[PDB]
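Undergrad: What follows is each chain in one-letter form.
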Amino acid sequence: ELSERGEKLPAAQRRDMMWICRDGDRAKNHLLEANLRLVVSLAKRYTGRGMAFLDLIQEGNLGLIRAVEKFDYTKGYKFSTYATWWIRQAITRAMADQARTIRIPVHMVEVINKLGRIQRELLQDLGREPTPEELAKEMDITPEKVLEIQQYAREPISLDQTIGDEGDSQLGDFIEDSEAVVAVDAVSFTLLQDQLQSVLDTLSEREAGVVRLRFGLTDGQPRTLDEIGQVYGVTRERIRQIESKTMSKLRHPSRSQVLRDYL
Amino acid sequence: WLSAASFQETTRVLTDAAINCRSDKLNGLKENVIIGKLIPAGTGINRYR
Amino acid sequence: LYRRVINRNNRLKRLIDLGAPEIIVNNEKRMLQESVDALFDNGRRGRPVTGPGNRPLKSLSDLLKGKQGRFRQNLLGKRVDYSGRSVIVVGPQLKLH
Amino acid sequence: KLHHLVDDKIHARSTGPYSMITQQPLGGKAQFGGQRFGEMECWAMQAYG
Amino acid sequence: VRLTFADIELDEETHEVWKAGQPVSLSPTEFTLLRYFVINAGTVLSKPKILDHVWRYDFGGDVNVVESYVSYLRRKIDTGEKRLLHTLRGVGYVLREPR
Amino acid sequence: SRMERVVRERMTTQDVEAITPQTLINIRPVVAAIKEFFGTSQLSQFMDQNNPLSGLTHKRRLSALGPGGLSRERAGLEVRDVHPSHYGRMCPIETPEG
Amino acid sequence: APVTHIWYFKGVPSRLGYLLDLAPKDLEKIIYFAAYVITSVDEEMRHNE
Amino acid sequence: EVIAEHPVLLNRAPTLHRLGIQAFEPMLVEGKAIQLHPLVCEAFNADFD
Amino acid sequence: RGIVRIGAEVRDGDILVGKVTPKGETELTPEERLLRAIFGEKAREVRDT
DNA sequence: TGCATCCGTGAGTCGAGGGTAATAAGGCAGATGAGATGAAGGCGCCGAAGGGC
DNA sequence: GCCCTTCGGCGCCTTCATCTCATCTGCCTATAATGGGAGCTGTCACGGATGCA
Ligand SMILES: [Mg+2]
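Just so you know, the protein sequences line up as chains A, B, C, D, E, F, G, H and I, in that order.
First residue of the first sequence? That's 265 in the deposited numbering, and the numbers climb one at a time after it.
First residue of the second sequence? That's 1220 in the deposited numbering, and the numbers climb one at a time after it.
First residue of the third sequence? That's 343 in the deposited numbering, and the numbers climb one at a time after it.
First residue of the fourth sequence? That's 1032 in the deposited numbering, and the numbers climb one at a time after it.
First residue of the fifth sequence? That's 149 in the deposited numbering, and the numbers climb one at a time after it.
First residue of the sixth sequence? That's 394 in the deposited numbering, and the numbers climb one at a time after it.
First residue of the seventh sequence? That's 99 in the deposited numbering, and the numbers climb one at a time after it.
First residue of the eighth sequence? That's 489 in the deposited numbering, and the numbers climb one at a time after it.
First residue of the ninth sequence? That's 787 in the deposited numbering, and the numbers climb one at a time after it.
Everything labelled a hint here was simulated from the structure, so no lab data went into it.
Misleading hints may appear alongside valid ones.
[Unchecked claim] With a straight-line Cα cutoff of 30 Å, these simulated DSSO-like cross-link-like pairs (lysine-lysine) come out:
no., chain 1, residue 1, chain 2, residue 2
1, B, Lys1256, C, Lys420
2, E, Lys230, A, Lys334
3, D, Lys1040, C, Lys409
4, E, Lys224, E, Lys197
5, F, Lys452, A, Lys401
6, I, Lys809, I, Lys828
7, C, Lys437, G, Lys123
8, A, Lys272, A, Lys292
9, C, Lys407, A, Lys308
10, D, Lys1040, C, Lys420
11, C, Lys407, B, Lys1256
12, A, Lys292, A, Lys339
13, I, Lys805, E, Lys224
14, A, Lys292, A, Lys334
15, D, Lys1060, C, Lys409
16, I, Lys828, E, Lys224
17, E, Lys197, A, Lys401
18, C, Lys409, B, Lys1256
19, G, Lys127, C, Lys355
20, C, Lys355, A, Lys308
21, C, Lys437, H, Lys520
22, A, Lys308, A, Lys378
23, A, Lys308, A, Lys272
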């Protein structure tokens, strides 16, 4: 308030004010460092899944950092009681959106957690694995969504773990590269292109060009009739007629047998 | 450095070569085998190639 | 490992921008150093960073070391096409060539 | 008769699939395979000239 | 050879539809969309490959055309808010009798 | 041990006389442990059965590798040898050539 | 914040320790936040003061 | 028809010396067993177990 | 039902179960369009894996 | 200056053999891009047929 | 026997708005709750820092 819309700070209103500012700073730091023991104690029950121990400790430290600002002493409860809720919130949020290789929104990691807890609570009471329809009855939602969430929660595996009983090879050695070119269908495609060129050249040149730019062979884009008219000085009905002539002559078994084989 | 790094103590020789800014000639046997060039022996020399 | 590096870096950025006591900042910087450590060479310092199944993770260095490293497994000797394999049987009626 | 019959022991390929990271063909009978041409055979081929 | 599904029925010759036994007149391209739906009954339909196969590959328009056409299919045969022609967010549509 | 840890955690977080053994018990780790043992463990392996003798010899076989054992790289020359105490206990002939 | 490459800090010779005339036992204490170092000193500001 | 004078290499792991890879000329044979000339066994260190 | 009759002989390459998967979408080659235009073949919107 | 003390390197060739797990988390406000709607314009296509050379 | 050139008719085909339906992101919960689970290490040889004394 005194920096913008203020005045030249006097002796007693600048140094003392900055001193109480720093005093509050070190007081906050002091209680924070004193209460990190609570964070590290609470993080013990939270390890064993997703993230490491020290990462959880650090996230709890951030949660306590946030909590100390909103802590109200005037309400007259111990600081630990208020800080525990914020620490738990920070840890849960971090484990939700940070502990997964495939990140999952919290809004539905919540329902994965609830599905797991209800299924494992009902398993011991009923003695058997809970069928997903009964789980859906406990969900008040359609079972199909239950199978969907069940298959969403599945986490990825490692490509480099040894797969055999004896250690000799990794998983990644047994996965085929789908994106690789077949090296057989490529030559087939080239010869098919050659056959198409021969067939089109056998046809009349106007028809060959019309169909070539109709299906976008020589260029990247097939074109509508009006483009064909503008490039050949004819109406679009004439182009429809010449296209009719094209596939009429193309049904000729001389071309039909020689090209149909290529499949 | 390319030949040495592929024989033994890969990290050590790799670090040493990085420090020394060693410029490999890509002229030896194993280097040409690695990079796909003709090996400098037998039918790979310029007299016969 | 890259996810761990990213998480530690982002949390350190948050700590610095927010303003935190120097102990937490030092702890985060140590975690960043150890995370880059694990990324470049897992298990070189301290216990190796472990994932699921309780096995050491494969860092960049482990991908260039030993028999299973790239150098002596994919560069020096490669699986080749146009090849086969079968049991051998004596051919006493064959010619030497 | 032992369980090492030649029918389950003959394998050959012209152009099969390939691995992801490196474009080398895979190995084994379940996959289309491809024999490993290791560095020890590289020694022999280099010695031949 | 007439293709049937629940209460919609199609004759491949004269390009008309019966909805619960009532004949209905419908637009040609809209009819092609319905033909795709019946020819892939029980399989989900996505706007792209719908555009790829049914529509010409030269189509330079926006994406609202297919949504509007589905709206016409709804108002012609499946007038109910819940309808046999279910819609998937980001994955398109599907012809399916609701469970 | 996992059971004891989880029940020790739970017995305090709940008020007295409102706590029952069923809610103290969560049998998940026990079945998880037995499933961990029976599958993806190298000491409980796929039965080698292509004749009655192979089935007979797969059981009643003494192994040395696995959890608590020594790996082949970890194995020295002394262990692979035949001890004089092997007589009558473990056959000195039947052992794989690999 | 900057970090140190392990290949150079940690090894049979600690290359960073060799260049900076220290020991790896006297470097892990610093690049892992256990002990401080004196980056620079003011010589004249101490000689006159 | 196509195997007319087309050389084909034969190898046996482990390939100790240079003669562990030999180029022959193949003749079509029934069955599924590669027929090796009995003389080149010693060079191959090959045996029919 | 889509599977081989019981007591029927098969060999390498013969189909065993007819399982058809929705192919989704891909780049339909223009040459494919001319191919269907010559014979009247349907698009066959599914993949025969 | 020893001198134990450790600390990082090396240790085979092709082939049987595929994947294993916890926990207190819940309303609530806003927003946001996808998809549901309705309305209006720019030809299509004909429904008529003009007509003659 | 059909080209040159018509009004218009709703259709239809887009396209502009313009509304909802999930879907996802940030915020708040007050008795007290205050310092790791577990890890099993040891082949064989061989060059080199190394903490002290
Ligand atoms: Mg032999």
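Undergrad: Any of the earlier hints contradicted here, and which numbers?
TA: Going through the list in order, the structure violates hints 2, 5, 7, 9, 13, 17, 23 and respects the others.
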